[PDB]
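To begin, one chain is listed below as structure tokens, in the form deposited in one PDB entry.
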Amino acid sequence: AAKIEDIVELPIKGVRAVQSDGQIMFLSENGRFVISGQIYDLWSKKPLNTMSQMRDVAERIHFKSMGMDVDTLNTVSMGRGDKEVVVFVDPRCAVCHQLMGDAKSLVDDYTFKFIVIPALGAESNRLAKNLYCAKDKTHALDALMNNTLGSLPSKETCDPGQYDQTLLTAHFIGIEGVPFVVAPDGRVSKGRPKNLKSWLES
């Protein structure tokens, strides 16, 4: 337990990994600062040594490698396929509803984890709570998909705060917007894929 003697917030709003002359350096967004050295992904517990690895953290999210179990979040599952797809959705998000529709034709190859987050506020919170508190989750999936979550029978003792953990977690780990799809190989789609089936195969 080494103590931190001092901490200073630097005027850096962004960082690029830049490869040149057998080295990878870290250059700030307005180009004021360059850092020479080694970067370590504390969440996945590994050094990033190659540009493929830099590309990987920009492009992919590996929940298991980072020790994040999505089933512990406000999650409903659809399908029984051997490859797992993650989708962050708002209960009121129509594009999300459409995505969940396209996914029904894919349940033989994939198991979709729909992570419900009240990204759109107000009524979305009330809905996400109804999902989180529903007694019989076997009907949660259908209610989420039909925007009928409001009617779901609640557990007697279930009253979360307004700051939804799944939302906080998503915000924290860098999930932006809904729907947000993470393919089995970790590739992220910020929005609904043009064609879900093809996008999913790699």
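Definition used throughout: the rigid core is the maximal C-alpha set that superposes within 1.5 Å between two forms. Positions refer to the first chain, counted from 1. First, how it differs from the form deposited in another entry.
The residue that stands out in 133, 57, 51, 34 is 34, the single one whose Cα moves by 2 angstroms or more between these two forms on a rigid core fit. Put the two forms on the same core and the Cα of residue 150 is off by less than 2 Å between these two forms.
With the core held fixed between these two forms, residue 177 has its Cα displaced by under 2 Å. The two forms, fitted on the rigid core, differ between these two forms by less than 2 Å at the CA of residue 188.
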Second form
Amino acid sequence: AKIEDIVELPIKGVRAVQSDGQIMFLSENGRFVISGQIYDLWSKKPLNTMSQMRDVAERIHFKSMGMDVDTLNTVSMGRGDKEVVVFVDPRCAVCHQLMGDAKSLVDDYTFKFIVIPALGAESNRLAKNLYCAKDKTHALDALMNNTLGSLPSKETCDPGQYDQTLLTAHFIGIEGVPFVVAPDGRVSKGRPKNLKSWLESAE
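Can you switch from the form deposited in one PDB entry and show the form deposited in another entry instead?
Only one chain is given; partner chains and other molecules are left out.
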């Protein structure tokens, strides 16, 4: 079918409100009320309960969206059976500290560090260097020690999976780094106060 018309409404935010056992949707300044059903097009499912609302507010479920982080600009650290995803910029010192804190938790978690240029032009050069590196053995170390500018490039580098990393970040709305997703899907916008306890719930 065709899309006949679009109008941007003066709405800057929306909250789900439960009263009388039914869930309505109120714009943030209390101007508009929407009575109806909400559908999550990323998971392709309707949201019928406040737990489900809380879930889209608080978490990201990469598998439900059919997204495999191992195909992206990623370097893994650890061997634990619980997966932690962290979007990071090569030039972000807060990211480096987080990666440092992560080193003490490698027995219980496997950290997937997805390297994106969130901080400008120089970050993109370094993120591409990591992407096109013939030897990725020390790419993780280079990431942590900030020596990414001096790594050997592959003979043939195919940027398809690098473009997808930037696309993935734009799609899910990454506005800053570090961006952390816990094994249960909970999201941290920034460095959590205590990574270890934060990973253990709730927050």
